[PDB]
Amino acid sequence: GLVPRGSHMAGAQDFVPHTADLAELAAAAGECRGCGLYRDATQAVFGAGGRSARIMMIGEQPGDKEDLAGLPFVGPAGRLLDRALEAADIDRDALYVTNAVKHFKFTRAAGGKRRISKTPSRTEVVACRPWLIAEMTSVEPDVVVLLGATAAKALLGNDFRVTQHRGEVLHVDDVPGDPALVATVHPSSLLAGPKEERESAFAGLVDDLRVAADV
């Protein structure tokens, strides 16, 4: 064909430039129309960090605060994650942090105090995955921490259950570079609930971060 058929016809793939440079990738994501989420979001929120990072962390999506900060993990969940990283003795300079989808999907409720996140469909996750693959091949992390169900399923499969594999180092044969994978609870889940449950859950997140950092 004058123009061939191929992966560039699906999802975000044709918006991803043939460069591993994270600044160029982030600039290009600002123009992505790979699914419908770019329309109502303020901006794309690419990952943050550098290519020497040994640990990559992936959440679900930018939330209300991130959508306007332009940066991942800035809101209350990000502050809880910072507390856990510090308890786990993990250097922020060793991290590249991002999300399975790069545009905030949301609604409002009258009387609300924030835009309410809505779950990306598996269709949206698969559409945005080209960016995640670009990030992973750019950074070459030794280990990927998957924060919550959307991010864990993005790499481990749509049937994967975070709740059934806590503490475990995983490897799957179609992830570029074959990094270790550790799936854990998303920090937003630890913000609410009875104290004893939040405290036990926090300790478990610190444990999983420490497993990842010991890879």
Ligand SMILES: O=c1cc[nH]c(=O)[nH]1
Contents of the next structure:
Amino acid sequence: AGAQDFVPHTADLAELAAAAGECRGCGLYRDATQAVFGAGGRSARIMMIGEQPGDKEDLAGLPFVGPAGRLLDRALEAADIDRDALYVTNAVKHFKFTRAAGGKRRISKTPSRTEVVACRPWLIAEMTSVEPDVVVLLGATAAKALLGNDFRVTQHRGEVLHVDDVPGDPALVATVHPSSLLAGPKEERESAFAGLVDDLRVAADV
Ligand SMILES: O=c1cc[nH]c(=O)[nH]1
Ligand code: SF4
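For comparison with the form deposited without uracil (URA), produce the structure of the form deposited with uracil (URA) bound.
Below is the entire complex, every chain and molecule, led by the chain shown above.
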């Protein structure tokens, strides 16, 4: 079901990414510019999964290149993690969006659980390909994709999780989505940034 028949029998990331360009596993390929596959290499020990490409990513062809990605880079650097050593992807690989009159960007819309489950074959192929030691799940959509639709990121901060139906049984660490840290009162943003750095250090210490 979903994307499964579009996923080739290969662990080569370049070939998986090409095949995802042709996926019709849900409706999101229609209005998006292109599939945005994960970035990084199969030697990566840490895999990080966001929700979906946003406006900038949909046109760059790469994940986490916009304001959320810049905040994530600042957190990674503070956690002493090299972004180039990670494998970074998203639960959903085509941008789901709308525009508002007078808006300065295309606005992301939340993928339905249906779309997440349809796209998950790709995440499974990425995980099988990369064999990460730990998966960082950035925000609610990504965390629920592997931990269940009832899972609450806010209730499990700092925790190393392991679930039985995840390929290779990597450690899993669920944390706040970097987009959440972009706005809000300064003290709240600074406390939340420190907690993201903490969670990234937990994952890197696995
Ligand atoms: O790649 C991206 C960029 C922004 N937000 C995400 O969840 N992923
Ligand atoms: S979002 Fe995922 S399942 Fe849906 S068409 Fe795109 S790659 Fe396929």
